[PDB]
Amino acid sequence: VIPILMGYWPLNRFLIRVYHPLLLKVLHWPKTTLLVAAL
Amino acid sequence: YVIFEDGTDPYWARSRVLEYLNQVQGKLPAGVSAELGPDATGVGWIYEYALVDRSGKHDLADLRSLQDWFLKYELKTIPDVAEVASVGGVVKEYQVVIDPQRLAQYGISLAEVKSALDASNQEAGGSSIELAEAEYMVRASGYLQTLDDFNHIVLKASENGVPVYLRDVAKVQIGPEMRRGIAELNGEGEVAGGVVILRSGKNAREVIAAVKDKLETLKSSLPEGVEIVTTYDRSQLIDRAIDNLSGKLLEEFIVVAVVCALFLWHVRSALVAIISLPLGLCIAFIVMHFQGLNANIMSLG
Amino acid sequence: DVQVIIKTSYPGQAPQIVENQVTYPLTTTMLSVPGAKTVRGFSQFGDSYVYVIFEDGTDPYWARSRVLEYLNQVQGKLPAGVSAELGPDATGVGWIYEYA
Amino acid sequence: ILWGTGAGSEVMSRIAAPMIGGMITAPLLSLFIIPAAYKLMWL
Amino acid sequence: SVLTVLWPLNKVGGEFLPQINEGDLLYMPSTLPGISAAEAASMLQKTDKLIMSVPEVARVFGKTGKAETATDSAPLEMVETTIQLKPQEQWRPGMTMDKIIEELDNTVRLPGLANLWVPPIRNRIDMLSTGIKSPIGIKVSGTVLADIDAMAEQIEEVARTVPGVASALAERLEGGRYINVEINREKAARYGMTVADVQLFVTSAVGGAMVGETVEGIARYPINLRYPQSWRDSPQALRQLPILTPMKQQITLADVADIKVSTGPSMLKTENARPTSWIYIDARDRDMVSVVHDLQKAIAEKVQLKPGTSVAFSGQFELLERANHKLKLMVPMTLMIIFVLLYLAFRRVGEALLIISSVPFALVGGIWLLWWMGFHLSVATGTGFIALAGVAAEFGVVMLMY
Amino acid sequence: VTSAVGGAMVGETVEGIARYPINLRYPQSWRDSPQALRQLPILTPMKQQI
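Chains as they are written, first to last, in the entry's author numbering: chain A, 496 to 504, 516 to 545; chain B, 94 to 394; chain C, 44 to 143; chain D, 998 to 1040; chain E, 546 to 947; chain F, 747 to 796.
Chain A on its own, in the form it takes in the complex:
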């Protein structure tokens, strides 16, 4: 029903940046993130 109804009829970029500076820093070394996780 929803596909038929969907067929018939900014903050986000800042959102993205926010998560995408910490994302590459996490790959810097995964282990530590997991250590952090366990912690």
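Calculated from the structure, these hints are not laboratory results. Yeah, the Cβ is synthetic: ideal placement off N, Cα and C, and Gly gets one too. Keep in mind that the hints are not guaranteed to be accurate.
Which residues of chain C face chain B? A few of them, derived with a C-beta cut under 8 angstroms, are [unchecked claim]:
hint, residue
1, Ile-60
2, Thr-71
3, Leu-74
4, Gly-89
5, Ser-108
6, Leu-111
7, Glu-112
8, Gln-116
Given chain A, put chains B, C, D, E and F in place with the hints provided.
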């Protein structure tokens, strides 16, 4: 009290407890009889009321009497009521108080008086005699009704003279029977009242409504100066609690709508997400109808 | 309909008594039986007939084991020697064959 | 079941009568009313 | 054309269900209460002699009072005789069951007895539904015995002034005669004797209370204990009634009890724990529904209601109303299903709404044939209609489809 | 003990649908205390006063 394990038929459990109850009546003592309980429990205490009097005019032993023998059989009728139950008040009691000085004076034993009592409160009928052309039914009076009728209970009688009446060996006074339950309102007035007990598994709310209704019908019938102050109404919570969950459902709808609305910046699709909800309920409520589930904080939850 | 009869004899007792002491304490205590529609009952010369009609589609035998439990609750109340006796497994429509 | 009348045909007639008669006025009229209001409909 | 439906509609009548014919009918007559058992038997004989007099009756098994069963509560003088009928085929094709019935009506007579003729399978079903033995029956409730007796008495009168009605009777609760034995407690004490053992001379002597039972194997016969008929002949006979005091005194009954005739309850009917009083109406030529309307109005105007006293039409009509309601709102259903299922075929409300339109012509056609055949609007016809719509719409689908 | 000392109901007045108990008891005075019961008067079947 016999508690049964999860998910057993409330009525099987009874026809069950009934067979066994039969097996045991022989064992247990002479005159005693084990009597089955009502079709409910303590949780079924749905609606309650006190029977107050604004004039001091009405007797507290007269008030329960009005309840036990009128209000009871008007409320018992009601659809899903397992039983309306009197609470407090005072039971009228014809209490004969024996005087020992009067028992030795006439040398009359108690077992005699007691037997004289048992045999002075009945009626009987001797079939039908055809007088005129029609058959006449034949009743013969005999019930204790007047306090006077108690006083002339023939005990000992002498050929050619005066009979000794119960009055000649005891004062017979209408008195309050020993209580086993005292009902009381605030600190203002000790009162008689009743409780409406719901049959297990029925709708308290609806029964309450029907109770209120029948009670407004019966107000025109009670003496002057008696008001029915309701003590416990269970329907209050029902309402308070049922609305609470209806509030959230709406609160959430708006919330989620506005959230989806914000993110999409497109009203149509913001609503396409939205419309998933109205239909959500409709499907949810259709299934409920079938399994046999109803609205309540828990299922609405 | 699914109907269950309670017959009770109160040997030699006016109707206005049978009703007060037997037919009425019985009719009122029977309307509150699960699945009961109406309760026709009338007192006689020394007899008491109470008829318990049940609402559409109720088990003819549940209605009986039902009317039986309650019948137990009432035997204590009603008069001394009297005993409310359950009716047959049928009704007036069950009058199939007859003979003289 | 409308005509023949033995034992129980009393009740079956009362439900056969409406259907029979009613199954004339409808089919008959339909023949003339359905082309009429239909031509008058499309255009 | 749809308009022409209004003339036949005004000629047809309304019954609950048709008159299903079984080759037996029981004659039940609303009969009054003050009578003896012998007077009941002689009536039972005489009646059946005439029930059996009518050419087409076959057997006649009369009955008064109850058969040994809780199913039957019938008191004496409540006649309930089963009439058996020789196959109607054998009668010369010159009459119906209604003439059969009509002859019976004129043949049996006997006032004090309002005689009613009903069919056995139907009467017992009607009975454990509403309670009324006749098809038409008014049912007056209330809490005050004598009041709802008045209403009944009035409606009894007003009811027979209606055309269709033949015999309209209303049973009076407060109308039964007693012999009252007011036992004076004082007068008892003097003679050293208790209200209990005074009643023994009333219960056994005057009456005939069974003091026990002879046992003969499986068999079991009662043991009576009574004074001879001579001292129990009349009220006066009882005033004389001899009694032997525990002190060996010889006294009459009028000595320890004043005995006075009186009236009161004959039988106490309580439907749903509220006193009821009834009225049996009998009409067999007129239309079932119509009569109730003439009665209904003949009562609303010429008979005002007392307090705490309500009247309601019962029996076959009452069962017709529960139907009608459910029956009537069946068309909104049927139509929606018919419209909806058509809406499916062509996806356009156009040809579906037109083809649905086929039925209002059906109704007219059938409702007319109803007139032609002197049939009545019954829960039967209503079923023929709800079936008609199905095929009427069928014919509308083929002319459209093709 | 049962009726005098206590108040056992020796039966019941019947008033239509209604039904009220019938007591049978000694006055409060002989049932006040243990000692009051030690005194409790009794009339023997041989008409003795004990």
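Hint by hint, here is what the structure shows:
1. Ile-60: 6 angstroms, holds
2. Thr-71: 5 angstroms, holds
3. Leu-74: Holds, because the Cβ-Cβ distance from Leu-74 (chain C) to chain B comes to roughly 6 angstroms (cut-off 8 angstroms).
4. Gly-89: Given a least distance of 7 angstroms, the restraint on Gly-89 (chain C) holds.
5. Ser-108: This interface hint holds because 5 angstroms falls under the 8 angstroms limit.
6. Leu-111: Result: holds, 7 angstroms to nearest chain B Cβ.
7. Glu-112: 5 angstroms, holds
8. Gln-116: Holds. Min distance 6 angstroms.
Going through the hint list in order, the structure satisfies each hint without exception.
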